[PDB]
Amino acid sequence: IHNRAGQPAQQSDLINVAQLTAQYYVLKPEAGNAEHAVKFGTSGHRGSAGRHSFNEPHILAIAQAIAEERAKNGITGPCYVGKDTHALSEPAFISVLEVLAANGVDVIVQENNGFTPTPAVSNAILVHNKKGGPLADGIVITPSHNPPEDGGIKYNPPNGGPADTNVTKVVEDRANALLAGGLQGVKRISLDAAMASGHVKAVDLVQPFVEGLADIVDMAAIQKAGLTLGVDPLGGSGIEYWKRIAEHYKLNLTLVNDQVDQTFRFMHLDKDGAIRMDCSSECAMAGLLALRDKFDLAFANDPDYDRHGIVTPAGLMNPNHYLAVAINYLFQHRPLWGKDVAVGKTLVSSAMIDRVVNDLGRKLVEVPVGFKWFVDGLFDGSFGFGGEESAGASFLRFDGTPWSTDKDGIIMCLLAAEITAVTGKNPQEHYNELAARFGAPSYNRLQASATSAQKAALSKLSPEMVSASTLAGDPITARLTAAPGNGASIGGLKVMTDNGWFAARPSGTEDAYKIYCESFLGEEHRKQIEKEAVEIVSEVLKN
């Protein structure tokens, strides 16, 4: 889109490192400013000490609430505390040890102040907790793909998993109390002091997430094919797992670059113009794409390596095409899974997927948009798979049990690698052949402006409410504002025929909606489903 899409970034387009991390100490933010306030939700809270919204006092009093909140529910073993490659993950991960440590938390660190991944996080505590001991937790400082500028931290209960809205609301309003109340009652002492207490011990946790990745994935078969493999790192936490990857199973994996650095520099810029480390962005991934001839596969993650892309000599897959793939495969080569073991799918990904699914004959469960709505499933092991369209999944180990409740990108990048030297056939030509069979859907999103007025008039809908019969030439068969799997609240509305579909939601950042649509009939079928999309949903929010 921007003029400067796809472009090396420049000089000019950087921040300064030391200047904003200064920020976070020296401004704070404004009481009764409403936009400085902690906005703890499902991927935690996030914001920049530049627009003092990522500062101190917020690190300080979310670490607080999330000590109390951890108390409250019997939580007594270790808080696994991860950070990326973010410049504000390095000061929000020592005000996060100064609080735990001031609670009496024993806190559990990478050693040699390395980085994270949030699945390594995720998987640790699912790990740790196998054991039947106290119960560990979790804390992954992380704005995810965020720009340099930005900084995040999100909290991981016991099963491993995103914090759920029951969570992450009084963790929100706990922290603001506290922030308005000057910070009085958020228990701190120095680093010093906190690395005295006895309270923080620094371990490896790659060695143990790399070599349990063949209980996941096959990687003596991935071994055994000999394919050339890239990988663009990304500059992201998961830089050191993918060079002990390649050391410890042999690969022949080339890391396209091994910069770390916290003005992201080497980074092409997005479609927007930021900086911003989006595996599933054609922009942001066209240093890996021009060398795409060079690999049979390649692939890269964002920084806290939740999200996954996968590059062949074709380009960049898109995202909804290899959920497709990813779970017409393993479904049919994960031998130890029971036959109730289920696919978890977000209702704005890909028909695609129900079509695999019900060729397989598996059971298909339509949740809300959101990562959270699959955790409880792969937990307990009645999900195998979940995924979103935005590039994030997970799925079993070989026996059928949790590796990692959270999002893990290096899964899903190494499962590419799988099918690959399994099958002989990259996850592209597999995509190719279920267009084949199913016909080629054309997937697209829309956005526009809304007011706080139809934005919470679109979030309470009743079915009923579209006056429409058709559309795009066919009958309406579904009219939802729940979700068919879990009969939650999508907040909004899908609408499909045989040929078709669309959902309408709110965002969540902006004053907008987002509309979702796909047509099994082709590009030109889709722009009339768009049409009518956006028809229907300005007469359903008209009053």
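Rigid core here is just the name for the largest C-alpha set that superposes within 1.5 Å across the two forms. Positions refer to the first chain, counted from 1. First, how it differs from the form deposited in another entry.
Here the two forms are overlaid on the core, and between the two forms the C-alpha of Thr451 is the only one among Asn358, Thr451, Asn73, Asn113 to shift by 2 Å or more. After superposing the rigid core, the C-alpha of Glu510 moves by 2 Å or more between the two forms.
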Contents of the next structure:
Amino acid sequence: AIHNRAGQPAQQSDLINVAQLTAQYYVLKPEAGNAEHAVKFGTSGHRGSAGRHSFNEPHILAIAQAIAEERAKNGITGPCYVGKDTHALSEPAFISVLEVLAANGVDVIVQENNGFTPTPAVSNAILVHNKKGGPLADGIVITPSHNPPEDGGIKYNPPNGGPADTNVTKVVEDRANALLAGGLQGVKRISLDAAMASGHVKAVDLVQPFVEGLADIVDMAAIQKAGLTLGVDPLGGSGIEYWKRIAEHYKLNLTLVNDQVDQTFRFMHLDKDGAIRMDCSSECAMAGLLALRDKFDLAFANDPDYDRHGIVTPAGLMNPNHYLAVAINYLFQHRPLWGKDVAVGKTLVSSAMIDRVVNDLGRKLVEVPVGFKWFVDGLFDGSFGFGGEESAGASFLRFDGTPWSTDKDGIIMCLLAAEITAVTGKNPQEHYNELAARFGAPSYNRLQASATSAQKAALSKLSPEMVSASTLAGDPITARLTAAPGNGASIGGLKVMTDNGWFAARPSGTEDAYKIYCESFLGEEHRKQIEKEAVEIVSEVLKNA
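Write the structure block of the form deposited in another entry for the protein whose form deposited in one PDB entry appears above.
Shown below: the chain alone.
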């Protein structure tokens, strides 16, 4: 908690003017040659704000044109599923996308009645469509994730249902930027009315198919039989109607603690920095649900795109690493159709509790670099049963070991917590407590140290033998890694291990620093000794550039 009003309900003075911001999307423009206003279309698409000239009509027209061209180049002739979240700027962006796709003769499928669509609902729709074997579908999700009310975002999901990799995003980014530099000479656009009249835009209900299909991934019948008292704070996000339909279709005792949809997100409690941020894993942002935690056996929440999850019990808000370990431990014991050819994905900055759990089950661990992108292909072909990130986003397979969503899915992760509690009689936090009793309770932290550009660059291109330390916090170093053990890919940095702890260091993308992730199975004080030594080691390896 950094801001004096962290954890308190937002005040009127904290709120955006929604109408003014939306107007700014049309009346303000990116400054030509100003890099800060340019399309930066990356792992999570392009994000910005109309009032900062970074999320305006020109950007989205440009991006939508770029996506139409690329998808056609790539032989993608089926429909494009275009979903949006409950951010203000998703409305104007949505319209720009329809105007341009329709003008390019792209068939678009949208949620009827201008509704909202979670990121995994777009992923799921693409996968289900493409399993029918005809022209390929892909998708666009119009969301800046949990970013404050004034922000907008837009991202692309190719036919494998997952987020677009750099081979797609870089091309799209450059084309969008050249289109901007050309004054939107090369953009095909028709009016909203013409687009709707064209026949290219089809409105369907994406909710029912997703909600009904949940029985093929989570044990919905077990949940029903347990008759748990469940709560959810939809956090004004894109899956609010999804939670309603889940409770209704499956006849669950599941209560929405509020049903607000408000583009100022005024019902929110302020995050640690005082921003309105819909972070389902932040205790400050989750203060509203946390105050009701005694009312439910189990409760949860999702960020605006519904790709992440927050799990509440009467003990509080679970730490995301803790829940990942529990999800994995449970899933691989309760999925008979996930045979020996189905492994566990883990990013290398995630808790080593995962390693202990997976070793204990006699399953294969695939350690990958930072980022969900490394799980997409394995989820898609069924070789990864589960892949998650320590920031509270994950996905796992259907019962039969085929994919449900190749993007992150917050709904299945919440429902899985319910299946766990229902099947085992123990909530996921009680599960973690037992793991911690068995393996020790690790202490985990993230920090950062000042670094010059030159240092940051050098950190990315090390090799294991540049690290001459033989010991870390009183234990022999068992590994010096510059590549991920699971897929061999570069980590763009360094990880040092002992039996009792580890650290990893990577250059900060945004600041003159490098980030340090570390963890100890012996506790806080030992973790603190790792931190100290981690800086010493990293200072040593890069003081010569």
